[PDB]
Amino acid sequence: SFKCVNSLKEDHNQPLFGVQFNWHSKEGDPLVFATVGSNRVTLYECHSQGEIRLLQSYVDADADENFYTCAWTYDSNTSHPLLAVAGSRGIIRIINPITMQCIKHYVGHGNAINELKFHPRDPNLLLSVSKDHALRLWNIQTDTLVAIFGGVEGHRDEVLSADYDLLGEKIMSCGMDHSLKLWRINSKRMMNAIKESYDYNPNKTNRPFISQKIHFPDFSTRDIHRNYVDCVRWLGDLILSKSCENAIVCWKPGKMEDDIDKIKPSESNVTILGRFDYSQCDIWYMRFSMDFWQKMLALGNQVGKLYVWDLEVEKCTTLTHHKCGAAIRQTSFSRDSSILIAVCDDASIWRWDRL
């Protein structure tokens, strides 16, 4: 299954909150991953015999910044990879690793950003999830705010995680209010708002772009977890989510036979398909991840144990190492699933090679 092939340590000694492999990387190009912790963004390149090559590192001019999340995209024209980062200050930064500069920045969230996700089909649509109780959909081409997902029937506490589905037709969000909310982005309202954001040119007008204020989700539940929900990922049309109750719950909106795209907003039902058990992960802000093919699932715990599940169960390996005893904050799989990276509370990086 997996061999621990390298361990790295960043000089700041602060928790590393995010890891993301660049899945846009060409077939044959070396496998690159980004790291976020302290007020730093670090880029790495994977090589044979466990070799991790330190490529780039950025530091916010503000010492009080603390990056929590990052996400990779690409510029449609230039064909350059782009990396979005954000944390405690509520500012989104779009870094260009080819040009080695901050190419864009968005201020607008009234609090810390806990998650950043790029639309699986449109590289310009960026979703940010905030401590302010709202989600924001940005158009990174026209620098417009397409929609605000929050309000009367939005999250009542800090939004901790969100995920688009495979084709980018809908978003599933979760948070400290114990809620998991569905926000459809293939609706006529949302498709037009995306279209209109692309037509927007502030030079050809004196009026601001009109952002959609989506106060109502397309489904909402509080009956999956008894505490805060800190990670949510779609598994096809099913949902994978966790709290501090030492389990990842696999579930779906409505009754067993209810189709995801036929679920009415007033739906009071949920169907729990099953759960993935583990231990010592009762601390807040602990994220699970999947490979591109959604066949593998990984989750680290507060004492450095790394759990890997084979999702094709229509199996659990406990990856462990004597020198790894810190809280594993997040994991990342290479596109091809050959490399698995884990980041910790002690500025350490752990490389696990599949063989």
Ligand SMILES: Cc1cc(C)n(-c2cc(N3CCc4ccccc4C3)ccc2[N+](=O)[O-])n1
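Heads up, when I say rigid core I mean the largest set of C-alphas that superpose within 1.5 Å between the two forms. Positions refer to the first chain, counted from 1. First, how it differs from the form solved in complex with the named molecule.
- Considering 100, 191, 272, 283, one residue stands apart with a C-alpha shift of at least 2 Å between these two forms following superposition on the core, and it is 100.
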Given for the second form:
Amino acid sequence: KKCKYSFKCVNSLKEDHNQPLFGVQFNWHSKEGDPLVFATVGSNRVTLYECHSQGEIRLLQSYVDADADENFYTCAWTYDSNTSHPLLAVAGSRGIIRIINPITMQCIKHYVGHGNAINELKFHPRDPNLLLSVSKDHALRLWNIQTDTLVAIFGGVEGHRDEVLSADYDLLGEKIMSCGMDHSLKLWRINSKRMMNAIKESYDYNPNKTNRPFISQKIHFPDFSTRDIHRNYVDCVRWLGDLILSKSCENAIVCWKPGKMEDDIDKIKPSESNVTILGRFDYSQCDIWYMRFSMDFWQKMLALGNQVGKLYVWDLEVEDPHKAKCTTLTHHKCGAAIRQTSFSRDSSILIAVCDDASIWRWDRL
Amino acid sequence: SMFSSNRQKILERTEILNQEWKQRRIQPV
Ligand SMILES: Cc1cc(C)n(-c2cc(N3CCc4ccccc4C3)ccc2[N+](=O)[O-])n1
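If the structure you just shared is the form deposited without the named molecule, then what does the corresponding form solved in complex with the named molecule look like?
Below: every chain and molecule of the assembly, starting with the one above.
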């Protein structure tokens, strides 16, 4: 078939700090009818905005980190499992995870532990307390933010050999795929008996009942590993059902899967030496490092910004990636690199953030 | 096809997540 999706640029603004914006996320936890909110991170700032009619972007609150040398690279939304209150986790160059109350912009709690910069944060899709961080220290870490424990460290003997740049949970939250500067993509199952038990123990941990500190799992071995997809750093990975989307600097997002064509993802052996490349979503002028692609909630659209301010969009319901391409979103004033984009939960709005601190709003026609 | 089987898996799994979101009442920001 062909793509039908059309957008219109309705507004733009520039943050006064003039520093690159690396991350943008709409809050997908807000209930139907409630206002559409998104956060941006860059420099030592976290900024919240609300989307209103006629393309209005309303500034809500600004968070300025006490450390002027901090560079936030990522953010992720969650909610407090008890009070239903929204929460925002942010991290970057210092390698500290800060949990912010978005209503007040106060740092509620922080987590130190990574040896270096945190490149990405992801919350578990079923459990709001399970936070994953990926780092320049070559490891991923799984945190339980209800008990303030480090559940597991994914790294070591057969872990990444260079910075981990990205990771994603699958839809049901049974596994994680990570990727990084060592050109590899690695699978880490979290539905194993070992990991399910480690998660259960992180919840049983009561500090005002024991003097011993919590013991984290050290997961040295992934459930699948490949260096056969890309020929350089892998800076973005996402699950597409049982398939994987990943990118390097080759001006393509590759769709692939572990094993041979018919192999079940849940029957893949840790020693599996084969991969199957299923297709490529081709684009141009996105050969610089650290550019993320995004999908909408329903995984019907794929978006990626390039180094010159173009925003590519594909329809994932069209089998051939070449016939899946939608009209590239361009504005003559949008000329800086688009680091990340985010769709609103209903896919009605697409926000793009840039290296020149600009924010771009595209409404779905 | 591998395509239709994969889209169906996305459809059923996103539905499970959407039903969990629907039962939640997260306070606005
Ligand atoms: C001054 C400056 C320019 C840039 C590009 N950085 C930058 C950003 C990140 N991020 C943010 C965006 C991103 C996107 C994909 C994967 C990982 C990441 C992590 C990491 C390292 C650097 N660094 O080179 O220090 N710093």
